[PDB]
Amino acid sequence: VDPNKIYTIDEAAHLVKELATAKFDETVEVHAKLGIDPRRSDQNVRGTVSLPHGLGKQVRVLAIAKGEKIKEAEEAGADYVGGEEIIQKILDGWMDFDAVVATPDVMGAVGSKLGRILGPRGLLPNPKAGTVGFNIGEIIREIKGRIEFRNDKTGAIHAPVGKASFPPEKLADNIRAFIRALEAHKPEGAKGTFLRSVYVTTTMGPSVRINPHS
């Protein structure tokens, strides 16, 4: 619990499981202080990482599909599965999902009816974003691991990387993948130490400082 102690990623992945004391399976997060000034247009860090191990309910997925592809989406573990008939539910205000994926053959209606609704919300299935294809099961599994990140005005950033229930090797894998993605997103122009400090923590537990290069 010593605030000065820097743990390796492997040590942290084992520790966080012992620091998760809530009456529910807590989310594990990585928090970093970045060496950037987010008040500069040329120094924001925003993007996604695809984690090697998907995050279950952390990313609620609606799949819109037809025929055999519906059963494929269900089997892949999409939280909601429907055909074009789900369009009216969304028109009515239903927005309880974190991502939408679809097969090419429903996009006529999805694009025309839900373009102006899901589009601005960054939730419209998009070939360009890898969220429209006939490989709906693969898309679903990938999207369950696709985590968005965005620095706040202080230059701090964070992301969920698992649950306290995860095996430690899976937490470690996801922790490193997230850090690698931050480094991949360093602004060209930022000059000082990029990863100023990095922590692993749970929703309601202590923070454990880590060496992000371990």
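Residues that one form lacks are left out of the comparison. Residue numbers count along the first chain shown, from 1. The term rigid core refers to the maximal set of C-alpha atoms that superpose within 1.5 Å between the two forms. Compared with the form deposited in another entry:
- Fitting the two forms on the rigid core leaves the C-alpha of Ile64 displaced by at least 2 angstroms between the two forms.
- Fitting the two forms on their rigid core shows CA movement of 2 Å or more between the two forms over just one run of at least three residues, at 56 to 144.
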Contents of the next structure:
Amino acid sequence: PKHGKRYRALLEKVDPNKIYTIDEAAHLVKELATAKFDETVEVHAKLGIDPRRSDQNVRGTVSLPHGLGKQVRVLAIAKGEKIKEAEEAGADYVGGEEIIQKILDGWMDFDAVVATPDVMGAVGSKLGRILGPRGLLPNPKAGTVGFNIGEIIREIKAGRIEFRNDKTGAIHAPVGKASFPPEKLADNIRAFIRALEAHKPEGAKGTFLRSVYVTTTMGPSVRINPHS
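Having displayed the form deposited in one PDB entry, please output the structure of the form deposited in another entry.
Next comes a single chain, given without company.
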């Protein structure tokens, strides 16, 4: 078989040709998470954009009302008085701009990296090759750069997520854990969808949310009506 028996059993619980309401899907996804850990709940959208047109990029952040249900280890890079701000805001690690390389050596255990704009030259210059292709390079457009570094850090530790369309024109985000109560998943799903809509490019043609699905780390998908 393509898939093992656990997966095949889950597949029987979803009607592949049905478009579910968000409320139904939020209940259903809880039964689609039988792998041996608390699985992540995901939302995917095929977007009505031309992904090869810079002016139709979809990229941003959204604070999920119920968070991600996971720890996010944040590294901050800062200079001057901003180091203390980063540290007092709860970053797991805060390095001065001048010690970047030592981060590279092996002190590199984090889920997210933030910086202030005035260290970004050092950051890019010395960290870009590594961080960039791992989705960890701070960028203003991704909400991971700014002088409000304390606020950024707090938002990330409170379950803000990033989203950015891939170059096929699809987009994806984690939005909670399968062990969440269903109405909390429902809230998080809608929050993400609202954020996507808030980021529909002005020049995008046709239906924006062409398809939207909810799914779990190791389970099948459920197609949803994003407007419910």
